[PDB]
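Working from the sequences, and respecting the hints, build out all of it.
Okay, here's what each chain looks like letter by letter:
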Amino acid sequence: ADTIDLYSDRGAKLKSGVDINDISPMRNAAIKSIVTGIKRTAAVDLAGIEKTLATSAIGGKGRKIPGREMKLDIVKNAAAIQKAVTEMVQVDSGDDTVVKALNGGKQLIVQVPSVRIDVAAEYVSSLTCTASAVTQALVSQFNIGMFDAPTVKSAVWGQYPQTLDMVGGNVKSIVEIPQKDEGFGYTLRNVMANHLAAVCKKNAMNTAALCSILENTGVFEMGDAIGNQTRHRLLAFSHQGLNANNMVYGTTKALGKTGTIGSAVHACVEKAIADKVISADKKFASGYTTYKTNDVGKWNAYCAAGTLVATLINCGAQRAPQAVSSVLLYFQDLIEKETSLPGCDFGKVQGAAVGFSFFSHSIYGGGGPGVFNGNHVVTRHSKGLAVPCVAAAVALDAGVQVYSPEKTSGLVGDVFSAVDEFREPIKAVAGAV
Amino acid sequence: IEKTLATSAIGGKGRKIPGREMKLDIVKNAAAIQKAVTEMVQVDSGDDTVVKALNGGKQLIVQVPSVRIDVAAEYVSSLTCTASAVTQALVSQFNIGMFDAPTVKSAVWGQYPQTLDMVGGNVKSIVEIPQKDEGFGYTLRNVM
Amino acid sequence: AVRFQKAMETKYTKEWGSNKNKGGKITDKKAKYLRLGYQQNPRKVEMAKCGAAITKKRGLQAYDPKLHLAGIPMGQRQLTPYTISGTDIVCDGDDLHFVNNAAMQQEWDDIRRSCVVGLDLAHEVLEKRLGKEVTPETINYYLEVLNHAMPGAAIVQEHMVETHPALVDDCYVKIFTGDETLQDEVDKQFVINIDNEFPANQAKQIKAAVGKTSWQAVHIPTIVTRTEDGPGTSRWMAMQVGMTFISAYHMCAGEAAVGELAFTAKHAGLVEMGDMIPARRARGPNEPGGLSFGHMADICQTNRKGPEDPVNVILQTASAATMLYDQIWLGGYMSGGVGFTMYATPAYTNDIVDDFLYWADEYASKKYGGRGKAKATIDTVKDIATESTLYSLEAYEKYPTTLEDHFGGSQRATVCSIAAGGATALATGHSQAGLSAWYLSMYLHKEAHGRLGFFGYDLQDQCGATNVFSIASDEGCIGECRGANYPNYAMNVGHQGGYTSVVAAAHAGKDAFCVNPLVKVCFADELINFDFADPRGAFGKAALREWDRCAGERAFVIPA
Amino acid sequence: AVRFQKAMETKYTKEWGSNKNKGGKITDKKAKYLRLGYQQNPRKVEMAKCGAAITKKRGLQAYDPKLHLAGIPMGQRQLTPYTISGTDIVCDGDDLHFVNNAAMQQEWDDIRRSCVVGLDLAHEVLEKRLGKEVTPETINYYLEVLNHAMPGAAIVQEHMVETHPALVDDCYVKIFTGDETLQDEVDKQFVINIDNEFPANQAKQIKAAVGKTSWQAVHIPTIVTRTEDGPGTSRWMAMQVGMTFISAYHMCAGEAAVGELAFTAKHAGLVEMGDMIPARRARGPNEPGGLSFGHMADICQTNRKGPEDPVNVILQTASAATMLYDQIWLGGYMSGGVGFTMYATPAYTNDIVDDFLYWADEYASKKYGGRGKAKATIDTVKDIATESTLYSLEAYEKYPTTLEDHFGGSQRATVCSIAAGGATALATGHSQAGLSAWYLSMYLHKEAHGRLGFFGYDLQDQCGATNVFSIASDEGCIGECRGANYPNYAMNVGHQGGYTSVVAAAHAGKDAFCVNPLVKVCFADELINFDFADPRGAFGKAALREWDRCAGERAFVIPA
Amino acid sequence: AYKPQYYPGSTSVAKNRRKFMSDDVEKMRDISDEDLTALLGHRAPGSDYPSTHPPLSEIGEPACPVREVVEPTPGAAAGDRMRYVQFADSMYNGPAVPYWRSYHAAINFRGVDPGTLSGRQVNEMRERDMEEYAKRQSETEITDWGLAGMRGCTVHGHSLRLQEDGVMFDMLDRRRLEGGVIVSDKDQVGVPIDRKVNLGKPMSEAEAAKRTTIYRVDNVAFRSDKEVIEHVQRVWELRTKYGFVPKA
Ligand code: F43
Ligand SMILES: C[C@@H](OP(=O)(O)O)[C@H](NC(=O)CCCCCCS)C(=O)O
Ligand SMILES: O=S(=O)(O)CCS
Ligand SMILES: O=S(=O)(O)CCS
Ligand SMILES: [K+]
Ligand SMILES: [K+]
Ligand code: NA
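Chains as they are written, first to last, in PDB author numbering: chain E, 2 to 434; chain B, 50 to 193; chain A, 2 to 561; chain D, 2 to 561; chain F, 2 to 249.
It is worth saying that the hints were derived from the structure and are not from the lab.
Every residue gets a Cβ at the ideal spot worked out from N, C-alpha and C, and that includes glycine.
Among the hints, a few may not be true.
In silico PhoX-like pairs for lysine-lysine, Cα to Cα no more than 25 Å straight-line [stated by the list, open to error]:
#, chain 1, residue 1, chain 2, residue 2
1, F, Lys197, F, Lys136
2, E, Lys181, B, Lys173
3, D, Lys267, B, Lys173
4, E, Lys277, F, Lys4
5, D, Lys67, A, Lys189
6, F, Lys242, D, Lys374
7, E, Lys52, A, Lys205
8, B, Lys52, D, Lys383
9, D, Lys383, F, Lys248
10, F, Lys227, D, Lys383
Which residues of chain B face chain E? A few of them, derived with a C-beta cut under 10 Å, are [stated by the list, open to error]:
#, residue
11, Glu88
12, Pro114
13, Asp119
14, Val125
Here it is as C-alpha cells:
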C-alpha cells in the first residue's frame, strides 16, 4: 500500500494517513463532483448577445450582416430571462439545476441538471440545452416575430451548424467540442491553460491541482491507468497535483529566495536518497556514481513534484510564464545527468518540453504557454505530468503575455471561478477523504 | 485477435506484416483471460463490472464499472480500458517479451493512434467514435 | 420580349458544326432526330481523335465514343451549343467542364489560396513585448520584404533554397484599412484603396464596419495550392508573415514574442474563407464545403461595379457560386467523373434564368411601389413566389426549346427557385424571406409538372419550409451564415449557388457586403487572376481557350 | 575509401558558376569567404532577373535578393552544388525545392490520385442480387469501358459534357489478381502481372497474402487531384466504377443493387493510402499526414528491381519518403514558404548517408555472421547503434566538407539515425529494433557534440526510447503501422522519411512488402508517371528541367 | 548539503562540462556594462530599462501562496521587458557547446528561459537580469570571441570551415579580428553601432582544444569517454524498459 498526507495550497496539513487509492479519480467524491460539474456548466454572455444583435455581428471573425440589427434590452431584463432559462433547463423543480446571474446580469452561470449528462453520450448538453433555453427565452421575452427568430438564434449559437462549433456565439465552456479530440480520452485534456489560471484566480497551487485533476482523469479515460499502470499514475498525480506530503509547496518555499532549476533538481535527488527511493549503484573511475531505484513509481512521482517546484521557483522569479517550457526540459535532462536514472515520465516530459519550447519561440505554431493544453498536439505527449506546470506558470504572470487570461478567458473564467470546488480543488479533494 | 496475430494481419484493409506472425492459444484460454480482464477493469470488488465469455470463448462482453463513465467526459473508456486490459492480459498470460508486445497491442487496438479509430482492431462498440459526430448530440445517433 | 430569344435561335435555328439544324421557330413543338452521331460536332471529333492517339501511344484503352452503352454513340439527337448569358460567346458544353476550362479552375484556386490577416494585434505584440514603434515607414518596409518573401524567398539565413519567381508570380500581399491616414501613408503599390474601389456609399458602409482596423489580403502561390490543399493557405501565409516581422522589427530570429506573433497570424488575427467540416466529408479550412453563402456572395465583385443593376449582380453571383459549388465541389471533390457541368450551366447560359428573374423583379417592384420596398411577411413571400413560379413554368411550356435545353427537372427547379427566391430577397432585403420563397416555388413546381428534380433533389426542399424559421440546434441559422455544410444542404446539386444568389439578392444594390466586409475588400483587386466582377465573361473567354490569366503551370521547369 | 569523396570534390574543390572554388582537399579545415553575393550563381541570377521583371510588369514588389535582412544578400559564403546520390547529376539546391521540381510534385500527385478497390465483393453483389454470371469476357468489357469512362467520359446518357482526353491521359485502371487463371484470361493491356513484375520468391509471397482475390489499381487524373484534394480520389473512382457496372451488366441505371455497389466501391472494397487525421491538422483520406510508413515503403518499388542491394532499397525509400514527408507535407501542407528542401536533401544528395549506412550494414553483417541474422534484443540494438553512430560522427569530424554540407544539426542527426536504425532493422528484420536504435543514436549524438537538432527536433527523440515498446493507448504501435499522425511524430522534420526507411530496412531483400501487398502491387506499373523504383533518378532529371512525364497541365486549353 | 556530481567522465571535455555546470569558469576579459548593452541592442547604453508592465510595488499582485514565498528577480519586480542574448559557437573546439550554455543558465541563475539548438543558443530573461547572465558568459572562458559570436539572427557558421584567420564566419560581419584582437561594431542583429568594442585576443587553437566542451576525433574523441557512453546507454535502456512496464 501507499499512504500520504494531504496539505493545502499553503502547506497546512489537511488530512493524515490517506491511502492513495482514495484520491483516485475512480473513488474520490470531490474529483467526481469537479469533473461532472465541469461537464454540466456553461457560461452565457447576455451582454454579448445584446451587442451581437445591436451590431448584427453575427458569426464572428469580422462578420456584420447589414440590415439585420436588433435592439433588445437583454441585460435590463436579465431577471425574467434567468427565470425562464431556469424553468427550461431544469427537468424537475428541485433538481440540481443552477442558474445564477453574475456581473449585474451581464452573464449567467448555468449548470444543467445531472440527468442531462447522465442520460447522454457526452457533456455537450450543457452548451446545447443552455443555448436553446436562452434562445427560446429571448424570443418569448421580446415577442420576437418568426422572420427575426433566426437572427436571434444565430446571435446565441454563432455559425452552428455551418460550423461544427458555436463560432461567434455567446454560450461557452472551458472544454472544447468532442470532435477536436486528438484521440480517445482527450476531452477533459482540452482545457486551455489560460482558462485554468482564470478559474483558480491566479493561485498557482490551485491552478496546478485543477489542471492535474483533469489531466489525470483524462489519462484514466484514455485507458492508460489500468493494471500495471494504476499505482504509477496515482503516485505522480498525488505528488505533482495534490501537494502530497507537502513536497511541492514545502520545497518551493525552501527554494523560493535563492533556488534555480538546478537547485530543484538537487533537492529532488537529495530527498530521494534520504527517503531510500534511490541508492548508489556503480561507481565509475572518475568518482561519478550511477543510481538505482527500488520503486520506479515513487522515483517518477518525486521527479514530477520536483518539476513543478522548479516551475514555481523559476517562473515565479520571472513573474512570467514563458520559461515553463525550458524548466520542464532542463529539470529532466539535468536529473538524468546527475543520477543516470530516467527523468519524469521516462523522457516524455522532456520531449513534450522540447517541442513546447520550439512552438512557443518560433514562427511555426503554438503561442505563449496560455494557449497550450493536454490535447494540444505539442503538449499532449506526457501522461498528465507537463500541462499542470504550464497552467501554474500562467498563474504567475505579472503582465508579460499578450494573449493572457484577461484576453482569452474572461467569460469562462468569470463564470467557472464562481464554483468553489473548481476554484479551490485541493481543499475539495482532501475534504472528500 | 488470435487470427490477426497468427496471420500478422495487423491493421486491416489488406495488411500483412511479414515475419511478425505469433501463434497464441487465446480462445482455449478464454477463462483465464476473462479473470484477468475482470480484475483490471473493475475498480472495487463488488462494483457493477461485467466480463463474460460468449460463444465458446470466441468473444467477451465487457461492461466497465459505471464510475469509468461517470468520472469521464464521454463513453470511450469502455473501449480503451477494455483494450488495455485485454492487451495486458495477453502479454501476461502468454509471457510475451518486450520486443513482441507492440505486435500484440496493434492486434488488439488496430492502427490506433496512427488512425483516430481502432481500424483493424478487435474491440468494438455499436457506437462510433465522438470525432465522427456531425454535430452536437449526435453520438447516440451514430449506431448503424 | 423574352431574354432567351437570341440564345434559343443560336441553339436550334442555326447550324452548329454539321448538325443540320436550320430555321423554324423557338416555339415549335416537334424536332428531327437525325442520328448523326458524334461526328456532327467538331469538339467531340477533336476529343475522339485525342483519345484514339492516347490508346495507341500508351497501349491501354482511352476515350472512344463507341464505348457508350449499346454501342450507340452520343449525338442521336443533335448536339447543340450554349451562349454565355449576357454575351455573344457561343461554345459547346464541353468547353464549360471545370476540367476543361482554366478560368473555372482559377476561380477556385484564387479563393482557396487566399486569406485575410489582421495587422493590429501583431503590432500590439511588438509594442507590448519589445516596445517597438510602428509607423507607416516600418510598415512600408515590412510590406516590401513580405512581397519578396511570401512566394517562398529567404530573408534571414544563408545558402538557402528558394521558390523560383517565374513559378510564383501570382503570389502577393496587399493591405486595406479603415484608418484613412494609414491608407494615405502606405506606399500605394500595396494598398487596396477602399475609396477608389467602391462607390462612396459602399465605402462608407465598409469603413463603418471595419472602424480603424488594418488587414492584409494574402494570396499564396497557385502552384502551391494545387500541390497542397486549402488548409495550407493560412499556414503558408503565417510562416512568411512571421519571418518578415523578425527582419522588419529587428527581433531575435525566434524568441517568445515571435511565438505570440505566430498565434496572431494563425489564429487570433486570421480570417479564413471557411472552417473544417465533419468526418464523413472530412476537409480542413478553405475548402468549398466550409464556405458560407455569405462569404461566397462577398467574394463576388459585381455589386461594386454595377449596383444599379442588382439583378445582374444576383446573376453573376449565381454564376460564380453555382460553378464552384456544383461543378468543382459537388461534381468534383464530393463525387467526380463526368460530373455536374449541366446541373450548373443554367445559372450562366442561354439567358433563361435571367429572363425569369428580371420578370419576377419587375413584377415585385411594380406591385410593392418600388424595388426593395416589400415587407418581409408570409403574404409577400406567397405572392412573389407564386406569380414568379407561374411565369417561369408557363415559359417552359410556351417555348419547347427552353424545356429541351433544361432537359433535367433539377435544372428547371433550380432556375425557377433562383428567380422566385432572388426576386423575393431583392424585394424585401431579407435572406430568410428569399429562402421561404425558394421552397414555395419548389412545392408549386412539383404539383404543376408531377415531377421535380432527380431522385434525391428535394431532400432539402421538403425539409426546407419548416427549417427556414426553425430555431433548433442544427436547423436555425440566418441565411447569410448558411453554407455548403448546413446539414440539409450538405449533399445535393442545384441549390448551393442558388442560395448564394438569394443571399446576394438581399443586399444587391443596397449594401456593400452581405456578411463580411473583410472578405469583400480582399477580392476588390484587379491583380487577382480570376475576374470576380465578371465571372461569366471569364468563363466564356476560357471556353474559347483565349483566357490568358492561368497561374501555377510547371512549363518553366519542364521540356517544351 | 568514403562514398562521398567525389561529391565533396564536386561541391568544394571545383568551381560552380563563378564561385571561384578551386583545388584544396575535402579534409581541409579552413575555407575562403569571398562575399561574391548571388551573382556567383547563374540560377540565382535567373531568379533575380525574373523577380525584377515581375515587379515591373505587375507594379508590385516581387523577389529581390537585396531584401535579405541587413541588405546583405545570400552568397557571402560561396554557393555550392549538390550531386544526386548514386549519380553524376549535379545541380543547385534551388532545383530540388518541391515547387521547382516537377518530378517531386508528380510523386505526390501519383500517390494522392491512387487507390485500390476490390472486385470480389462487387461481383458478389451482381451474383446475389441479379443472378449475373461474371466471366473473363464480362470483366474484359467492363475494363475496356472503365478505361474510357474513368477519366470523365459518358456511357449511359445523351448530349453530355465530358472531360477532354487531351487533359486526362494519365488516368487509367489496371487489375491484379492472385487467381492465376484470371490473370491469364484478362486482356493483357489491363493486367499488372505479378509473375512478370516480381522475382519468383516475391511473387509467391504476394500471392500467398492475397489468395485468389482480385483488385483494381485506379489512378484518377492529375489535373483533378490538383484542383481537388486526396479525399476526392476514392469518390471519383467510385462514380465511374458504378457507371461501368451498370452498362457492363445490363442493370437498371440506378437500382438498389447499384447502391450496394456504391457502398462496395466507397467503403467495403476500398483501400485508400491513408485515413483522416484530427481537427487541429484536419485533412481527409489520401493526404500525407494519414500515410503510414509501411504504406509509403510499399509504394516505393526499388525492392522488386534490386533486392540484392537492400541498402540501396533503403536509401531510395528514404529519398522518396523524405521528399514527400518533409518537403511537401511538413514544409508545404503544414507550414510553407521557403520550407524544408535542405532538411530533406541529406536523404538523396552527396552520398553521405549512403556511406554511413553501407558502413553500418557491413559492420553488422560481418559481426552477426551474415546479413539479417542478428537477434532482436537490447544487446544487438545497443551494439549496432553505438558503433554506427561513432563511425558517422567521426566522419563528420574527419571531413569538414561533410559537416559544412549538413550544416544544420538536424540534418546530421537524421543522417546518423537513418544509418544506425536502418542497419539495425536490416540486421534483425525487426522494425521495432530499428526504431530503438534510431533513438539511441540521437542520445549518443547529443552528448558527443553538445547539440542535436533545431529547437524542437528531439520532441519525438526524447519520448522515443520509452515509446518504442510501450503498450499505452496512444503510444503502442508496431513500427509498420506508425506514420505521420503517430502522436509524437505529428509535427517535426527529419524523422518521417527516415522511419519509413527503417521500416523498409526490416523487409528489404527478405520480403516482397512491409505491410500491404495491395499497395505494393498497385505501384508496380511503368505507366505511372513517377518512377517509384528510382526516385533519385527522377528527382535529378527534373532538377535539370529534362524530366518529361509531368501530367495535369492546362496547356491544351490556354493560349501560348 | 547534497554535493552534486553533475555529469560522468574523466576526459578534459567532461571536466570542462562540469566547470560550466558549476560556474567554475575562468574570467578572461573585461567588458563594460555600456559596451555589453550596445552589443545586445535593446536600449541605449546607460539608459533606464524600459518596462512592459508597471513595477510590482505600484500594482501589487494577486493572492497566491507561491508568489508569497518566491522572490521576484530585480527585473521582474521592476517590470522589465523579456529580452535575450544569443550565441553561436564553432564546432572547431569552441569552448562552449549549446546544451552546456543552457545548463550553465539553469543551474546558476534564477529566472531563466534557455533554449538549445545546433547553430544558436539563447536565454530570455527580464532585461536587467539577462545582462548579468550575458556578462558572465561573455567575460569568461565560456566564450571565445573568435570561435563564437553574439548573433540574434543570421547565425550560420558553427558547422562551417573556419576562416583562414581562425575566426568563425559571420554573414553579417558583426565582429572580426583587428590588430590581433576581436572587435565588434554592430549589435547582435546586425545594426551598426557607434562604438567599437574590444573583445580581446582569441584563444590559440591549442588553448581552445584544452578548454572545449565538444568531443572531436582529432582532439578528445567521444569514443574514448567510456563513462559518458555507458551513461547514455544506461539511460536509454532504463527509459526503454520502464516504457514497457514501469517497474524496477
Ligand atoms: C527564424 C528561425 C526561427 C524559426 O522559427 N525558423 C527559422 C527561420 C526559418 C525560415 C528561414 C527562411 C529565411 O532565411 O528567411 C525557413 C526557411 C522556414 C520558412 N519560413 O520558409 C526555415 N527556417 Ni530554420 N531552417 C533550416 C535550418 C535551421 C538551423 C540553421 C543553422 C545554421 O547554422 O545556419 C537553425 C536551427 C539550429 O540551429 O539547429 C534554424 C533557425 C531558424 N529557423 C531561425 C533563424 C536562424 C538564424 O537567425 O539564422 N534553422 C537547418 O538546420 C537546415 C535546414 C534549414 C531550412 C531550409 C531548408 O530546409 O531548405 C530552414 C527552414
Ligand atoms: C502546432 C500546430 O500549430 P497550431 O498551434 O495549431 O497553430 C500545427 N503546426 C505544426 O505542427 C507545424 C509543423 C510543420 C512546421 C515545423 C516543422 S519542425 C498546425 O498548424 O496544426
Ligand atoms: O438518377 S438519380 O437521381 O439517382 C442521379 C441523377 S444525376
Ligand atoms: O530555430 S528553430 O529551431 O525554432 C526553427 C528551425 S527551422
Ligand atoms: K423543463
Ligand atoms: K483494477
Ligand atoms: Na490540391
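Exercise for the section: Identify every previously stated hint that the structure contradicts and give their numbers, smallest first. Expected result: Going through the list in order, the structure violates hint 8 alone and respects the others.
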